[PDB]
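Okay, here we've got a single chain as structure tokens, the form deposited without the ligand, with questions on binding and movement later.
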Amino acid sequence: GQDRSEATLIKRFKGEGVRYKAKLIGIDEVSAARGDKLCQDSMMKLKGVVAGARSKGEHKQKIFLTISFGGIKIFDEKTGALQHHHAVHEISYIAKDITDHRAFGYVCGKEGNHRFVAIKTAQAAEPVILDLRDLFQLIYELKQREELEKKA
């Protein structure tokens, strides 16, 4: 039970935002901006690729992802370097992995350039998904009140 009041959420997502330890499953090109089946099919495909690489001795990249007013950022764990950056306006859909409580993904990109990014979280994926929901809702609300800049 975490506090999700507006004031708390602003302090939560400002600056570097919230960080989560995870592993990158992969990135797949998709045909649309949203869709439950679209995402589950992509997640299943990417995991299949990872499983095939895992049989060859390959492991997923260790990362940490942050959720902030800057959107979703993926950093390499070993070096701390920023590897992927998807702005809030570029993210269209968030989806939990129906078969894995520790995996989720999101669709990003403009029309005709959609990609599904799959993440295996160190702990439960739920808190990450809820943070994204809260972040997007907050930005929508602040924008409607013309106060996003005063809180970002």
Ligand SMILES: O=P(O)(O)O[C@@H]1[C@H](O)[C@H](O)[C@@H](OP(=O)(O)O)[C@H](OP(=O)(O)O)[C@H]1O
Second form
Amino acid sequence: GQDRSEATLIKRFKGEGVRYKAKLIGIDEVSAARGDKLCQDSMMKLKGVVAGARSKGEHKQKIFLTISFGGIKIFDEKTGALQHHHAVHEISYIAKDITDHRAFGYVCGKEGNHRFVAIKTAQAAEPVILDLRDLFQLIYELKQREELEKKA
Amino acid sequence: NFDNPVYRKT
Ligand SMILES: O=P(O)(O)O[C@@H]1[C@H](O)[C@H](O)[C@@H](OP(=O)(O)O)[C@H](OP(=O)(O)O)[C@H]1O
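Swap state to the form solved in complex with the ligand from the form deposited without the ligand:
All chains and molecules follow, beginning with the one already shown.
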């Protein structure tokens, strides 16, 4: 039960923002910007690939992702290097994996270039999904009041 | 599951 007041959220997402330990399941190209079914089908496909590679002794890449006013950033855990950066305005839909409480994904990109990024969180995925919800709503609210710049 | 209110389809 975390405090989700505006002032708290602002401090939470400013700068580097919130960091979470996880593993990259994969990135899939999808035909639309949103859709529960669209994301679940994509998640199932990406996991299918992961399972096939695991049978061959492969493992998912260890990463840490951050949620900040800069959107979602994925860093390689071993080196700390930024590998993927999806700005808030490029993220169109967030979806939890109804078959896995430790996985979620998001659709990013403009029209004609939608991609579903699938993540396997170290801990439960819920707090991450909720941070994204709070981040987006906060940015919407600040922009409406025209105070985004004064807070980011 | 939710849509991002500040997404720009452009
Ligand atoms: O026990 P097994 O059969 O070897 O299989 C592992 C098990 O499913 C772990 O939970 C999983 O880590 P996550 O839960 O964090 O995905 C790991 O993935 P990895 O190989 O990609 O680390 C699998 O290899």
